[PDB]
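One protein chain omitted, others in place.
Labels for the chains are A, B, C, D, E, F, G, H, I, J, K, L, M, N, O, P, Q, R and S, by order of writing; each one numbers its residues from 1.
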Amino acid sequence: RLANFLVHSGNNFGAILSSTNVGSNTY
Amino acid sequence: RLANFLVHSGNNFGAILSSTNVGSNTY
Amino acid sequence: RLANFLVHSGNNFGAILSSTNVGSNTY
Amino acid sequence: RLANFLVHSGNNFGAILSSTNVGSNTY
Amino acid sequence: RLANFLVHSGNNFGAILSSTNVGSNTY
Amino acid sequence: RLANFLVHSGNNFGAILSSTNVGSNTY
Amino acid sequence: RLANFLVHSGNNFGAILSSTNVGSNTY
Amino acid sequence: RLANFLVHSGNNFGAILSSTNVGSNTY
Amino acid sequence: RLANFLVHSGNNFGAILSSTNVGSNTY
Amino acid sequence: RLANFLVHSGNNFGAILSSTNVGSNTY
Amino acid sequence: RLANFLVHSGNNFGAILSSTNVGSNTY
Amino acid sequence: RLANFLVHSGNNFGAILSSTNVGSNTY
Amino acid sequence: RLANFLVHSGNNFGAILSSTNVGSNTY
Amino acid sequence: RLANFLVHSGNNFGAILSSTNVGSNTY
Amino acid sequence: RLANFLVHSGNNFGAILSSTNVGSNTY
Amino acid sequence: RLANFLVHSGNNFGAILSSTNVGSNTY
Amino acid sequence: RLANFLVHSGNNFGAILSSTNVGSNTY
Amino acid sequence: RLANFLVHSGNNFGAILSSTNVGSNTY
Amino acid sequence: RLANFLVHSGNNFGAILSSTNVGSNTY
Partner (left out) sequence: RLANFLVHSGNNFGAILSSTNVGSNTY
């Protein structure tokens, strides 16, 4: 019985320019 | 019994320019 | 019994310009 | 019985320029 | 019974330029 | 008056998400 | 008056998330 | 008046997250 | 008046996070 | 008046985090 | 003999959000 | 014989959020 | 015979957040 | 015969947050 | 015959936070 | 081949500006 | 081949500006 | 091949500015 | 090959500025 939790809650990102893999969940 | 949770809740993104894989879930 | 959850709830994206894979679910 | 928690809650990011792997969860 | 907790709560990032692996959880 | 209630009394093996926008300017 | 209540009394094996925006300018 | 209450009385084996934005300018 | 209460009376084997933004300028 | 209360009376084997921003300029 | 020149030539504006008096000429 | 020159040529603005009097000419 | 030159040429602005009087000419 | 030169040429500004009178010409 | 030169050429500004009168010409 | 020429041989008391975009992605 | 020429042989009492973008990604 | 030439042979009492962007990523 | 030439042979009583960006990542 294996449970994996990847959560993003209430996060604020003002500006994202020329970026990669920002605020993401990767399994 | 395996459960995988990838969640995005209440996240704010002001501006995204020329970016890749922003605020995404990848399995 | 395997359950996979990829969820996007209540997320705000102000502006997306020349970007790829923004706010998406990929399995 | 193994549980893995990767959580991001209430984090503020003012500006992200030419960056990689910012505020992300990687399993 | 093994539990692993990687948490980010209430963290503020003013500006991130040309950086890698900032404010992220890696398992 | 605004009342926002989320109640859970059973056994939950899935995801339960609630998003509400009242009198706001959101985009 | 604003009342935001989240109540949990059962057994939870999943994720329960609540996001609320009241009288705010969000983007 | 603003009242924000999170109550947990059962047995929790998962994640319970609550995010609230009241009268704020967020982006 | 602002009242922010987090109450836990059961047995918790997971993560319980609460984030609140009241009358603030956040980005 | 501002009242911020965190109460724990049960047995906790996990993480309980609370983040609050009242009348502040945060980024 | 009075000559006033207010000129805007070849300027690029990627994204403008919730702003005032951007790239304008005022006499 | 009075000549006043206010010129903006070839300027790039990536992202402008919640700003005032950006890249403008005022006489 | 009075000549006043206020010039902006080839200037790059990556990100401007919550700012005033950026890259402007005021007479 | 009076000549006043205020020039901005080839200047790079990575990120400007909560600032005033940045890279501007004032007469 | 009076000539006044205020010049800014090829200057790089990485990050400017909560600052005043940065990289500006004042006459 | 690309040839961009600006030639001035007379007496100029005004502003002469030239902007060119060749094979570029501009926004 | 790219040739960018600016030639001035007369008497100039004004401003002459030239901006060129060739094969570039600009925003 | 790239050739950028600025030639001035007359009498200049004003401002002559030249800005060029070739094969670059600028923002 | 890249050739950047600035030539001045007359009498200059003003400002002559040249800015060039070749094959660079600038912001």
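A few comments on the model shown:
Quick note on the criterion: a contact is a pair of C-beta atoms (placed from the backbone, for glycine too) under 8 Å apart; a residue touches a chain by one contact, two chains touch by 3 or more.
For the chain left out of this panel, the touching residue among D:3, D:6 or D:17 is D:17.
Although one chain is not shown, part of chain S still touches it, namely residues 1-27. Although one chain is not displayed, its contacts with chain O can still be listed: residues 3, 5, 7, 9-10, 12, 14. Think of the hidden chain as still there; on chain N it touches residues 5, 9-10, 12, 14.
Just so it is clear, only the chains that are shown with their structure count from here on.
On residue numbers, the C-F interface is repeated by N-S, which shares over half of its contact pairs, out of the options C-K, N-S or Q-R. Between chain A and chain E, the centres computed from C-alpha atoms are 10 Å apart.
The distance from the centre of chain A to the centre of chain O, each centre being the mean of the chain's C-alpha atoms, comes to 38 Å.
Touching of two or more other chains is recorded for residues 13-15, 17, 19, 21, 25-27 of chain S.
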